[PDB]
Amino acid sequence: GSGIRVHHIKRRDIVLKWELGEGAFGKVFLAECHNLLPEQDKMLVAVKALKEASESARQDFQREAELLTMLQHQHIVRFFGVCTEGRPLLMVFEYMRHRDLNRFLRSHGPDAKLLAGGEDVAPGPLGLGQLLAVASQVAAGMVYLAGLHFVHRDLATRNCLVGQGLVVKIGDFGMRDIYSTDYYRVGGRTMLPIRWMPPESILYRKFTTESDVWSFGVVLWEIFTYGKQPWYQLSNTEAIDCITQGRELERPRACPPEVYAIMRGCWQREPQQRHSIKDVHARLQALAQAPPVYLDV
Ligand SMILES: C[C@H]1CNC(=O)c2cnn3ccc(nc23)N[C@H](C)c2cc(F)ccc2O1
């Protein structure tokens, strides 16, 4: 009965060009969409496609579509609508031409085996002001979602998308991507991105906006390491021991100590002793506006 209206889209207005990537829920394609919005008569979009189509997944899908349509903000990937008219089930978002933030970060890092193209940003390392631009944008999306008492349980650079002009949006809310080394399998269809998770979550399986503040800290770290795995030398086992024993990630080489300061604040053992997401953003927007000077050794 009652609910949020989700723009339905006619399958005929959706022409899949080619696969962009794959997940556990299903695949993502580049696609052309006709008469989606009056402004542009034909345009490029990302299209999520569901693998399996029972009434258990159609229930998920609907909630997901309802929730996606409610959460609309400057730093959250534009959702356009679904298409239910014949399997496969479809969700349509704006096309973000720099893909997920984790590969974008990796493509602009020193260890890059190729030099990254594009007309909107220089190959090789980014500017600090750029790094804080990225950091500030992700915080701004977290500030919104906290505002609505929404809890992201997999905040990580692999779930942010990067667009033309170095726009950074939150891209996926989990509710997806198959199985990397970031997730520890603790049971059938129960995997946790435990490296991003704070003590409260590992120890008491509690997750709050404060837990997200902790994991956003690990995202700053991802950003300032050009998308390295937290605790990459360690095992999921050894990581859990670190997190639970108060061992913290070392400041990155390319991280000013004023930024590391903000990280260290995200990583308080006591959730209530962690800075609010609003406060974290503030200090990031500020530093983005006036990047300090920093060198090496
Ligand atoms: C398959 C990958 C790659 N997606 C795109 O290149 C890609 C480019 N634009 N865009 C829009 C949504 C979208 N992907 C893309 N949604 C998917 C589920 C998504 C979201 C993320 F935060 C991260 C990755 C991701 O999907």
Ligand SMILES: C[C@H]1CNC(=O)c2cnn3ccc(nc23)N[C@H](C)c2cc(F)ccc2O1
Second form
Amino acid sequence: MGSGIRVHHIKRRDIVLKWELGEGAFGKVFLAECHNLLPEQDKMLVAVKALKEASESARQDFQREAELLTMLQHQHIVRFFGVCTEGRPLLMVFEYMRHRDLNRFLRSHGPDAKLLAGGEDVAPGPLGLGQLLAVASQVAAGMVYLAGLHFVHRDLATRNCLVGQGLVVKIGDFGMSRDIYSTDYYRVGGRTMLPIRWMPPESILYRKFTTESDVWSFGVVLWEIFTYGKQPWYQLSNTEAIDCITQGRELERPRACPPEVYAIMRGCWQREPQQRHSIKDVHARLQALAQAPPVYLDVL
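Mind sharing the form solved without the named molecule? What's above is the form solved in complex with the named molecule.
Single chain only below; no partners, no other molecules.
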């Protein structure tokens, strides 16, 4: 009908790179200042993705990615600001989230954490049950919005969530999870990588991905939250993990996980996509649990 969503472009001169945050096979992510981006601040901190190569296949994909990212606006979806196509490399620019991806954040507040969390924003050490439920509730909120628009994520996981000032949790990533978290994907034939531990049996068996596959994945994200970012089926090989999912074996309740939260996970892990709890109902149950956190029983 008509061209479509228009990507805000950014002057290269209004972007000062500071240092890389991350690096991958086909990408680089930088912390940067962005001059005259928003009215209120002359400069402010941003996360800038730099595409490594500028081939016509990357240029097409990039514009499609940017159009898509520009379209999504929500309180629990990472803020996208625009691109810069004026000379190489191609750049995408997002809000900076100081606590990084939710997986890195959870591991830094685990019982097994190597150092203590810097901790001007949040208490170091394990998080409060009420905090865990606040994390889980905000991801569910971002999902409710994605499902609303018939958008299917296909790689939902704490690696692909970001944490900001005040423990704001949003859904987003810079496209580099297949590099930085390569053990989370199964190399299936050639240059297809699947996050099989977060996938339901209909996705593994029938190659089907729906809003209901996202719900299954979210169940595993809940398990990730209540284990402080542990890998699902961490003992198991990729092949072993596929056997479990396909044979109906379920992840065990985490020590930190109240049974009402475990019940939400099990609503997410129904074998039958149509028998799974809606993402709205899952969000509402978690909001309610977050407002009035259960006394998590005994560890005994």
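If you superpose the two forms and keep the largest set of C-alpha atoms that fall within 1.5 Å, you have the rigid core. Numbering follows the first chain given and starts at 1.
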query: After fitting the rigid core, is the C-alpha of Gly23 off by 2 Å or more between the two forms?
result: yes
query: Cα of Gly118: shift between the two forms in Å, core-fitted?
result: 2.6
statement: In Å, the rigid core superposition gives a C-alpha shift for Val134 between the two forms of 0.2
